[PDB]
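Place chains B, C, D and E with the ligands on chain A using the hints.
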Amino acid sequence: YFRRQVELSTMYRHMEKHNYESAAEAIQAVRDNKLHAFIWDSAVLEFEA
Amino acid sequence: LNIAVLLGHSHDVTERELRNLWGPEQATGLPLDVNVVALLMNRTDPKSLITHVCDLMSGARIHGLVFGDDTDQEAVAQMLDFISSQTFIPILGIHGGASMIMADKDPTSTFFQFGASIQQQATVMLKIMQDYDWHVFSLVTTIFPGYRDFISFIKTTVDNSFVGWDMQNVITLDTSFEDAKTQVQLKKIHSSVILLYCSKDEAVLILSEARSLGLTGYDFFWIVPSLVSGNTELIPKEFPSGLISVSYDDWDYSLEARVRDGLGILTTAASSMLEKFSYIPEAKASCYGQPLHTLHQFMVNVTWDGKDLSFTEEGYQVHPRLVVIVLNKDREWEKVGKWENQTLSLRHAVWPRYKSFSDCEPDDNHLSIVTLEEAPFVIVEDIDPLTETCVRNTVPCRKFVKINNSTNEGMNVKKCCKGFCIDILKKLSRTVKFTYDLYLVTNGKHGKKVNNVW
Amino acid sequence: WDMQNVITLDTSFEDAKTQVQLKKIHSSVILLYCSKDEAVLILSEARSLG
Amino acid sequence: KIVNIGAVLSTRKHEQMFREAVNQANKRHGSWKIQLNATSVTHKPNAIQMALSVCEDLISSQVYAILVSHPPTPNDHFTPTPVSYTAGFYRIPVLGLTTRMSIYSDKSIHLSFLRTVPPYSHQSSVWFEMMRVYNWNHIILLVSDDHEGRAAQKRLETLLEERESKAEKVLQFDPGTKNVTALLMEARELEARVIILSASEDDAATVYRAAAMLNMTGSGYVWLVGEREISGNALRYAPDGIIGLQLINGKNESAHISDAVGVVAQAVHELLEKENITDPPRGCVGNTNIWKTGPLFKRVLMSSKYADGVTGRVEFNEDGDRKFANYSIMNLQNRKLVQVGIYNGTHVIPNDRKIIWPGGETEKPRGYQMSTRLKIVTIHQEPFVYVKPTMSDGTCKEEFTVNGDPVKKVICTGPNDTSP
Amino acid sequence: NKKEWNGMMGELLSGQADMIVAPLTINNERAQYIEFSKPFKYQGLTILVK
Ligand SMILES: *[C@@H]1O[C@H](CO)[C@@H](O[C@@H]2O[C@H](CO)[C@@H](O)[C@H](O)[C@H]2NC(C)=O)[C@H](O)[C@H]1NC(C)=O
Ligand SMILES: *[C@@H]1O[C@H](CO)[C@@H](O[C@@H]2O[C@H](CO)[C@@H](O)[C@H](O)[C@H]2NC(C)=O)[C@H](O)[C@H]1NC(C)=O
Ligand SMILES: *[C@@H]1O[C@H](CO)[C@@H](O)[C@H](O)[C@H]1NC(C)=O
Ligand SMILES: *[C@@H]1O[C@H](CO)[C@@H](O)[C@H](O)[C@H]1NC(C)=O
Ligand SMILES: *[C@@H]1O[C@H](CO)[C@@H](O)[C@H](O)[C@H]1NC(C)=O
Ligand SMILES: *[C@@H]1O[C@H](CO)[C@@H](O)[C@H](O)[C@H]1NC(C)=O
Ligand SMILES: *[C@@H]1O[C@H](CO)[C@@H](O)[C@H](O)[C@H]1NC(C)=O
Ligand SMILES: *[C@@H]1O[C@H](CO)[C@@H](O)[C@H](O)[C@H]1NC(C)=O
Ligand SMILES: *[C@@H]1O[C@H](CO)[C@@H](O)[C@H](O)[C@H]1NC(C)=O
Ligand SMILES: *[C@@H]1O[C@H](CO)[C@@H](O)[C@H](O)[C@H]1NC(C)=O
Ligand SMILES: *[C@@H]1O[C@H](CO)[C@@H](O)[C@H](O)[C@H]1NC(C)=O
Ligand SMILES: *[C@@H]1O[C@H](CO)[C@@H](O)[C@H](O)[C@H]1NC(C)=O
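Residue numbers (the working numbering), protein chains in the order written: chain A, 1 to 49; chain B, 1 to 454; chain C, 1 to 50; chain D, 1 to 420; chain E, 1 to 50.
Chain A with its partners taken away, still in its complex shape:
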């Protein structure tokens, strides 16, 4: 969805360097401050909040 859009190529190039397998990897990474942000569906992040 971000690869389709015409001006979102910079965030595509940023996110393609650190692609993670599962979402819980990103959860533990932002828990241990390995990341700083994560694009994800809303209600699932509300549930994990």
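Wrong hints could be hidden among the right ones.
[Said to hold, decoys possible] Subject to a maximum C-alpha distance of 30 angstroms in a straight line, what follows is the list of computed DSSO-like cross-link-like pairs (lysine-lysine):
(1) D:166 - B:155
(2) B:433 - C:24
(3) A:17 - B:237
(4) B:105 - D:154
(5) E:3 - D:169
(6) B:237 - D:154
(7) D:154 - D:107
(8) B:155 - D:169
(9) D:388 - A:34
[Stated by the list, open to error] Derived DEER-like restraints, expressed as beta-carbon distance ranges:
(10) B:334 - D:292: 28 to 36 angstroms
(11) A:11 - B:411: 28 to 36 angstroms
(12) E:1 - B:292: 34 to 42 angstroms
The hints are simulated quantities; they were obtained by calculation from the structure and are not laboratory data.
Note that the Cβ used here is the ideal one computed from N, Cα and C, for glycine as well.
Showing chains B, C, D and E with the ligands alone in chain A's frame:
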């Protein structure tokens, strides 16, 4: 084993250098019954071809055939395919129609050629188009075969492109031109280059029509493969100046080096198969009155003297030496570009246009544009190190980077550009409709009159 | 209004440039200004060009 | 003072009626003031000497269209290749008569090799017309070979693109093996029974033995094959009730070649209507000057429209085949061929016979099951798909919620970790 | 020179699966190949930070 090498009249190749092509060669000869037969022949008709094939196969069981054609008939190699379906002998097509881009081989065939498929040559031409950023392109094809896979490979490349190519539907030529509806298709041209896929006489007819109609301007470039251009010893009439052709027939890496490499591959496969199986000479007895241990699945990864000459599954070379030539005003074909085993080298980095091609020419629509790197306006970064492609909301530029302080030489490094003024110039090119020529200033900052010197 | 630019025809058709001018038309309402026989010719060419 | 017509031909009464057709072509067009002659070459098993006879009898003949007329060859190679390979040296079209392979239907290898018969892939269109008879969508494709199989699969994809639908499963394999029975059981596991087969004789006998071994000839199964599958032991090993095709005037050799010679003669007289008539050059002695009216002859032949014919309205399509041929639809009723339908240019007409199926009644078997067993897959989503290993062996810890409701679980199957 | 699919779509289109019950991210690319259903859940996109 016994290898007979017959030729015609291509590259003015005589016979005595073929007699001298065996003496110092094969010093570590583990096959003992190796003999060479150097022959020449004027007649390139299939009757004499079948006659000499039967004479050499009946001539003490020759297991190697090396032939280079000088004519413009690729079906001779298909004739060799009919020879490969009957003799079942490893045969190599070397020059001309014996090694043109043929359609499809057979699993029952043991024939091979020098060169590659049309898909790797299309990949080289699309790499040229990627390096030169000509995203506005055409595709003009006749009904000459080998076109379905070629156009299909182009469509699967554009449909799976990270570049954003601008493509029109395929211009098709059905029959000999009426100059009523095919003229409309040539007036349905897509700009900035012309890509052509046809035969030799069809190329003569299409270039004659484009010369009579004036489709050879400075914007409409001409990029063709070897199948459109033809053989190198003869150059036909009515050719536009600036005809970029992609072939593999080198004059420096001439025909003698190619047949020496072919003899090296054949002797290498024979010496590698003789140590595995004993009774290597097993051919057909005679043509009158009609094998398992063959080299069909054994000599694929062959390499003699470090030459990248491995075999494909379709019967070609995996990474052959591709030669990209142009045409000047002096009717000469000069080498410009070469192809590495992974990349594509470009000698003439500053791309020439060959301005002496037609009568009238303005220097319109291209405006020399210079700028300086400012962070909210002019963001200049490197190109992608993996794909070599600026993303299509960025524009290319060149910079005259001097190498070191002692030398005065500088290169033209191409870099991607995003920012505010980039979008300003792109919207001006949308509205005012002018093509940009963006580069950077290398003298320094914006500008100052240093004692009546700016 | 959305006005496409003026298509101009000189005389009877060459069938080399008039067809190109008729392929420039992409709108819905065609405002034709010619004679009666020229209208017959242009409607016949538009039926031939779809 | 003659124009030769080349044929690779065996029977001598057929040579007599061939010369009679040449005479009937010479009777019309009385203003044409040059004569014809015939040339025919017979059976020789050695193909090198076949090509030798071709290049000795056709280069020095200045022929316009060549007719290869040997279907019942004892060699299993079935190669009319050297005639087209010799005539393609000056781009001269040979009009074939015998085979229907995709390798001879190809515009890539064969430059302008036309014929008077369509390939087998159009039979799939007839099978698509069968899809218009019984109104069936989910199909199963099994092809032994790979040369004609790619063309048949491409034609079937074109047919399904015309409906804007897709197939269920296609299969290709190595012709000669016997352990494709697992793929036939996978086809049994599919939700349809439409069995479409493209195979040779031995491959058809192999899959008939595999179908009898797996009892694939029961109720609901839709068996539908082509022309090679009703010959030899494939005719013997076929189940009673299989539906096959038949080419009208396909094995009728004489009338088909007579209509072909009529088409060739009218195409030659149509080619002589205009100017720039170049003969094929005598290439036997040092001549490689190409016959440059090749595309001219192709423009005449590919646009040649006809209305006369014993076989029917014969006309060349975009590939140079038979347009809109009437076909026959046969049934194997107790090892006996029973005609159950005819086929127009685009329509099927069943006769008054009974379409007997290998299952139960003569009515059509609706072989689309209601899919009682389904397959569910999902990704491990944290709030959605909780995956937990069992306690001891295959059991689930039935726990409650905060309101006493037990969490309804399910027994799934999942891998441990990723591939590294 | 052809792109393919993997994952749940790669196991569905290969015939290994029949129906996918999952958080299906509805887009335009998948609808060109397979059919969708009416969504049970309505949900967008956001950013999780610390
Ligand atoms: C042609 O292919 C050859 C063989 O793959 C390449 O040669 C290799 O180059 C790398 C360094 O780039 C070395 O590590 C290898 O040892 C080389 N192999 C040998 C034995 O040659 C070569 O780079 C390719 N490029 C050219 C020159 O076309
Ligand atoms: C050909 O191979 C298939 C697949 O392996 C065989 O089918 C299975 O064979 C095993 C024994 O090797 C049996 O235990 C299975 O029950 C068979 N499958 C089913 C579901 O019937 C098949 O038997 C082989 N046929 C030949 C020629 O031996
Ligand atoms: C034969 O030799 C002649 C010498 O002029 C040459 O031009 C020609 O290409 C050769 N091929 C033929 C036509 O046999
Ligand atoms: C030849 O090279 C190919 C590609 O690396 C490989 O698949 C094949 O196994 C090799 N064959 C030999 C001689 O081992
Ligand atoms: C020239 O510059 C390059 C880097 O741009 C450097 O690698 C090279 O050593 C320099 N050569 C000399 C001799 O100054
Ligand atoms: C390069 O050479 C010039 C010569 O005057 C010198 O002034 C300068 O300091 C040198 N350094 C740079 C900028 O490379
Ligand atoms: C026709 O040609 C054959 C040889 O192919 C010859 O025997 C016969 O006499 C010829 N007939 C006439 C009268 O042209
Ligand atoms: C037919 O074959 C299958 C194979 O599993 C077998 O189970 C069945 O009993 C056989 N008999 C019938 C009912 O046709
Ligand atoms: C049918 O084929 C036979 C040869 O089996 C042939 O004699 C006859 O002319 C053909 N025509 C008819 C009557 O269908
Ligand atoms: C025949 O050839 C001549 C010379 O090329 C040409 O002028 C003429 O138009 C051709 N005839 C036709 C009907 O194409
Ligand atoms: C084939 O069917 C057509 C109707 O489509 C019919 O006119 C024709 O008679 C049939 N062919 C023959 C030779 O009977
Ligand atoms: C022939 O084909 C036509 C196509 O419209 C079809 O309507 C008709 O049912 C077929 N049968 C005959 C012989 O009329």
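Going through the earlier hints one by one, which of them does the structure break, listed in rising order?
3, 6
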